[PDB]
Structure formats: C-alpha cells, structure tokens
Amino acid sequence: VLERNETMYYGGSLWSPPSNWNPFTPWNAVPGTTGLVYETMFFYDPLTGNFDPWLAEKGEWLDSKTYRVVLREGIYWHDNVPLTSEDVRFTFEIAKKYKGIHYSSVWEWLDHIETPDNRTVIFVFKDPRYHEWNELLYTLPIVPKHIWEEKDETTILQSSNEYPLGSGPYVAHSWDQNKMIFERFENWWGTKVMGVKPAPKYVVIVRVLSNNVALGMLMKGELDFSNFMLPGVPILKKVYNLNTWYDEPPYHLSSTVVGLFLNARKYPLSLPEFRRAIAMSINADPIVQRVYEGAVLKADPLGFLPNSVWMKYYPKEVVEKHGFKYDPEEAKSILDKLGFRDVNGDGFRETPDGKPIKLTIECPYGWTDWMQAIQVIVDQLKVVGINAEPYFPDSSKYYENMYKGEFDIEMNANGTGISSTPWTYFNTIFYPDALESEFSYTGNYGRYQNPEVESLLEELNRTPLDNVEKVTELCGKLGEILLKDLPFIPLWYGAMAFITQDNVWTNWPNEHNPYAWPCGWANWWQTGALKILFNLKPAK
C-alpha cells in the first residue's frame, strides 16, 4: 500500500498496459521510464528555450564542427557503477552498430566521438546540423554501457527491460494492467550533486479507459496531475476547484499547430491561388469559441506556437506583409479570377472547363472536436462556392492516407508539436523527401514541391541557434513561401492540457509561476514534469 500523502498520481499518457521499459524505444516505454529512471544530458524548457545541465555540467561548440560535453562529477548508475563519458559515447555508438535505433541517422553527419577522460565527450562532426543536434541533446536518454554492450539487435530494440537499470531519481517498483509505480531512489546521485530531490516518494502513472474516469478521479482528488483532454474547462474551474495554467481563456498553454494539409498534386488543390482562397474562406473563431469554449488559441497566419522558443525567431515583417486573413469576399474574387465559376446554377464552382468540384476534408472518426471543426470548415467553404464534405475514416486509414498523400484536404497536427527550434515545424510542412517516397512519415504529406525550400531548410539546420538574426531571416524566407503557396494552412493551436488539484500536492506551475512545461508524455519528463516533482510541496 502507498501512503497517499507521499504519492503523486499522474495520468494522461498511458493508454495500454505497462509492458515496455526499453530506453531505445523511449516513446513506447512506459511514461517516466526516460526522465525518472534514465536521464539525459540536459533538461530543456519549451517555454523559454533554456537548456539546463543535468548529466552534462556544460556543453558548447568549441568550433563550428566540434561539440564538447563535460559531465558532472560523481554520477553513478543505480548499481553504483560510475556513469562516465564512455556511457555517453556508447549511447551514440550503439546506434551506428544497430541502425534500427531511432537516432541512427546522426552518424550521417557525426564523424566520431573522443573521450580524453571519464568526464569529457568530444563530438567531431562531418556536417554539423545545429538544429537537429539541439533536439538530440535533451531527447536521448543515456544508457549504461556495462548493461547493454553485449546485447544483440533484437534485445536492444525489442526487450521489455523490466526493472530498468538507470541513473535517475526513481526506480521501477511495480505495475499492473492499469498503473505503473515508480519509487524514489534515495541514493540518487542527483541529490548529492545537484542538491534537488523529488518530493513524492512514489509516482504513479494511471491508465484510464475514458475521460469520464479521469475527470472523476480529479474531482475525487484521486488524480493530482492530469494531461487528459477534458472538455468543459470553464465550468470545472468556476464550480469544482480544478486549476489550469491560465486563470482565464485560453486556460491551457499551446503545444501543437492544428491546420490543413492540401494535396498539392490533385487539381485544383495543385493551384496555389486555389489554396489561398480556401485559407481566406475559413474563420477559426467559431471553432475556438463554439467547439473548444475558448480553451485554445487561434493561430497567426504563420502558425508559430506562442509560449515557445520559436517566437524568438518570429518573422514579423514577413507575416504582416504576406499573411492571410478571413476574407470570403476576396476568396470569391480569387476564384472568379482563377476561372472557377458556377456554370450549372447549383451554387458551387466548377473547374475552368466546367467540371464539378467536391473536396473531402478528413480526420479520424471519434476525434469529436476535430469532427465538429471540419463541419464548420465545410460550411464556410460552401459559402464561397467550394463544395466540400466531411470524411471520417478510422484512425488507421487516416494515418495511412496521411503517409501516402491520399486525401484532398486533411486536418493534421502530426509533427507540429512544440520543440527547441522552428526547424521541426518547417521540416514537417515542407519535408522535401516526401516527393520521392511512397510513405512520408515526417511531413509534407500533400507532396508540395518548391525548388528553394530544400536549400533553406538545410541552411536553417546549419545555422547556430544563437545566430538569432540569421535564423529569423531564414524563418522569414520559409514563412514567405508558406504564406504565398499555402501547402499547409495553420488554424489553431492544440492545448497542452494540464489540470491539477491541491488536496495532496501544491505549488504546481501556472501562469503566475511558469517554472516548468507540464507534460507527462513518454520522453517529455525531462522538459518540465520532473522539475515539477522537485518543487511540489505537501498540502496542509
């Protein structure tokens, strides 16, 4: 039995029985496996762009092609084996041996790794990609060489790895079909060296079947920390003492960019002015107000996330000059000029050669907020004379359609999540290799082609993040293309759903004390959720 006052119950990201704790599949491993058991070189703060030293005491580019990490002194795995530079080197080098590992592509542009002593890691690059490197610094857990160096490919990639041997502030304790239990590791090196300690003796990852159960647990005070997407936030706050990030709308931080990919290879969506007309016919205000009850923020024309480091590089002048707005009369005028006119008196525009047009707009069946949003968009397109109809395939067919580019208009937030660089956002929109791939998992799902975006994406990746002027300029050049050709239409930002209650734990982050990104998804505890554990205080 777990004493309630020393246990912190989390929910929102565990949707199957606990069954994997493998650090090499950190998004499939039970949430907290990385973060609580396995540690990363740096903490990252999506709210500010600040990196903070974790396993690394410091990291820096010694020159344009050389990055040095110096580990803190006195790190050790849970079995008291010291954690050294050779564990970091192994963590990277094992992915050259087994390229099925998800970050194996780093060896396309990393040359080798030197370790002059037990604390120093020197990365020597063939082709330093600064923006991809920044993502690796906080997303890759460091694994123990003495545990894994003899394992073969299938063990490394597929073993469940029960009771994971890590270095972090918790160990795996127990689990069943509906919860994972972590126990605080009292001899954690981090308390001796960094002086911090997570407040809860036990962290429980709770799995529920429905939002009814999750909201009920919060109401009963059985859940402390929820990332569940729970509708009805205003009345919950107003009457039931549930807390969100913001006191008033939008209530939650923004974490993804929701928009429309268009099939750039299917006439007439292959015409940029037709896509422009679609964008200008849409008004996201009723979606934000009616569907989401003001619990999301409308997107700017470029779709840069607020409360993110992307705003540091925001191309203001480019957006003001080239950004689109809701303007259905201008959309009709663009379509008239394009030659798309009603020729048969049904109120819908035909092609220049008189053929019917009826476009599908799709999202998975059962994503009921997105379904409502799609119907709102369908009716707004009908206003300007563009016939459209909702299409709700099941989840698997929706993703199959996405990867293959087999749709007309598709609502999408796949790869537009918050990150340490707007490069991830522009890459998701423009992903040039989609044009030569039957399946495109990374982006550009509508197969938009442009002769300049590929070179701008590469130049952006190879621009150091601290060259703020140049990164902003490149975001402006990419943003200009996005806004002129609209292969993707940003509409609103998905919420970082974060609801707490204070009956057992207090001092949660919020707008008045925004000290940590509140995300308990798998492989996101190093972006704020563990820092939350450091700062929670017992309730009265």
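Here, rigid core means the biggest group of C-alpha atoms that superpose within 1.5 Å across both forms. Residue numbers count along the first chain shown, from 1. What changes on going to the form deposited in another entry:
- Relative to the superposed core, residue 478 shifts its CA atom by 2 Å or more between the two forms.
- Put the two forms on the same core and the Cα of residue 443 is off by 2 Å or more between the two forms.
- Here the chain acts as two rigid units, and between the two forms the smaller unit rotates by 25°.
Okay, that one was the form deposited in one PDB entry. Can I see the form deposited in another entry too?
Just the single chain follows, nothing else.
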C-alpha cells in the first residue's frame, strides 16, 4: 500500500505483465528498468539535440578514430561498489566474449578499449561509425562487472534479473500482473554529485487493457503522467482540466513515424509494384482528421519527422521525383497491368494464376487509435479490390509476430522514434541482418532484401554528421530505394501523447515551460521523463 502524495502513477508503455528486468534484453525489459535503475553515459534531449553528461563527465573525439569518456567522480552501485571505467569496459567486452548479446556487432568496428585510470575509458575504432556511436552514448545501459562477471551466455540472455542491481535513482520495489513499482534509492550518487532528486518516492508503471480504461483513471485523478493516446483533447482540457504540451492543435509533440511494414517474402506483398498499389490506395487524411482529430501530422512519402534533425538532411528533390500519392485509380491501373483481377466476381482481385488474396493487417489490441486507423485502411483497400482483414492480437503476440516476421501487413512505429540521426530511421527500415535472424529486434521486420542498402547504411553511418552534403546525398540514395520499393509505407507522425493533471504533482513541462521530453516508453526515460521527475513539485 503506497502513500498517494509520495507516488506518481505513470501509464502508456506497459502492455504485458512485467516479467523481465534484464538490461541485456531491452525488448522485454519493463519500462524504466533502463533509466530509473540502470544508467547511461549521457542523457539525450530531443527538444534541443543536446547530449547531457550523466555517468560520463565528458565525452570527446580525440581524433577521427578515438573516443574518450571521463566518468564523473563518486559514482556508486546501489550495493556501494564504486562504478568505474572497468564497469564501462566490461559492458562492451562481455559482448565480444558472448556474441549472442545483441550489441556484439559493435566489435566489427570497435577495435579495443583502454582504461588508463578508473575514471577514463578510451575507445579505439577500426571503423568509426559515428551516427550509431552517438546513439550508443545515450542508449547503452552500463552494467555492474562484479554482478555479471561469472555468468555464462545463457544466464545473461535468459535471466529475468529480478530486483536488478543498478546505479540509478530508483530500485525495483514490487510488481504484479497490472503494475511495476519503483522505489527511490535514497543514497543515489546522482543526488550527491549532480544535485538532482526525483520528487516521487514511488513511481508506478500502470498497465491497462486499452486506452479507454486509462481515460477513466485520468478523470478520477488516478494517473498523473499519461502517454496513452486519448481522444477529445479540447474537452479533456475544458471539462476535466487535463493538460497537454500545446494549448492548440496538434496538442502533442510528434515522436515517431507511423506506417506499414509489408512481408516482402510473401506473395503478392513480395512484389514492389503490389506494395506501391497499396501505398497509393491509402488516404491518411481521414485518419489524421477524424481518428486523431488533428492531433497528429500527416507524413510525406519519405516520412522524415518534421521536428527532427533529420530535416537538416532532407533529400527534397528525391522525394519530389519518386514519392507516391493517394491515387486509387492509378492503383487499380497498376493492379490490372500486373494481372491482378477479380475472376470470381466478389470484388476482390485474385492472383494472375486465379488464386485468392487475403492479407491480415494487425496492431495491438487496446491501441484504440491504431485499431480505428487499421479499419479505414481496410475500407480503403476494399475499394481497390484488396482484401485486408484486421487483426488485433495481444501486444505480446503483436511484437512476437513483428520480430519473427510472421505477419502480412503490420502497423508499426518501432524504432522510428525521433533521434540524433536519420540513420536510425533507415536502419529500422532496411536492417539487412534481419534476413539471417529468427528474431529481428532492430527492424526490417518484413525481411526486405536489397543488395545496395547495407553499403549505403554503412557509408552514411561513417560519414561525420557535420558533412551535410554527403549525409544528405546518402539519405537521398537510401530514400530513393525506400520510395521505389516501399518495404515500409510511412503514413503519419505519431503523437508524443502526453496528458497530465495537477491534483498530486505539478510543474509538468509544456510549451510554456518546455524543459523536458515527456516520454516514459521503455528505453526513453533518459531522454527526458527522468528529468521531469527531478522537477516535479508536490501539489498544495
């Protein structure tokens, strides 16, 4: 039983029973495990693009192939063991020893690590992949050598890591099927050194069956910090005093690229020209206008987030010449040309060989906005003679399907989140290593194959970010492939849905006090939601 006034209720990113706290398995780890319990070398702030020293006191390129971080002094694990450069060293090297660890690939371009003292980590690279390194700096959680030292690979990969031993502001406290509770670690080093202190003694991650349940909670004042997508925002504000980031439409910040992955290995979705017909048959205007009531922004064909630093590298002419539009008559014309015609007379087009075509289109149950969006896509596909069947599995099955590539059509925003480089977006789309993976956690979920994308991805990755002309050119070349082969169809920019109320906690960020990115998704707490905790004030 938790004291209400000492407790902040968060919801929006827990859609399965909390059952994993393993920093090595971020796809299964309960939201907050990284960020609240395990710490990263840097914070990252999507509002500004700034990296802010967390564990790292500083991080610099000494030269084009050498990166050095100097840790802050006085960092400790929760069990009072000093956190040192060897902890950081270990974090990387355990993956060279055990290649099954998802980030073992870094050693294909990381040559070795030096630690001239216990605060200093020096990375020397065989092949410096800058864009990817930048992201590692704020996404790779640092783990305790003295805890994991003598575990084998199966233990590391398969353990649940209950009551994870970290260095961060919180510990795991308790949980059940419907919530995860974090309790503030009072002797946190972060407070002694950085002078910050997360205001709630307890953070509860609330799991809910569907978005509609969360709204009732908010109206009852039982959620404080909500990332659920909820309708009727003007009314929520006026009638129920629930607040959003912006006072006016679109009300929410934009955080992701929402679109459709297609199974590139299942006929007829294996056909580029069929994928194109699908893209041209979909009109997002009623999704944007009616499902979201103007609370999201519609995507252009390339799908670069308008509020992101990717725009700095926008390949404008490529999009103009190769982008698609909603054009259902041309979609039908393409389908006729390919031989996809109705031969039994039920209004659906068959294969040229005369065989029926039925494609499932799926999203998680309870994501009410995507379920509605999926049905308008279904109705829009029906009208060009394409039989799409909506399917809303449990979130856990939705993600298993995604990783395994066991889907026909799939609504997706997994890895397309805002970032410091358009490389994340293209990697999520094209991720070549998916073709030789049972489980693809990184992207390319529909197993799209292309002989030139891997080289393009790498060339982009090793191009210094300040080389605008070259990064732009490479985004152009990659965008050109995306636009012509459409393995992923961008539709709109997902809202960073963020609704709060002030009955228990106040001083939330918004457009008038825009101090932190409000995202409590797994792996996102170090992008701002932790900083919000630092800044919250109890209500009077």
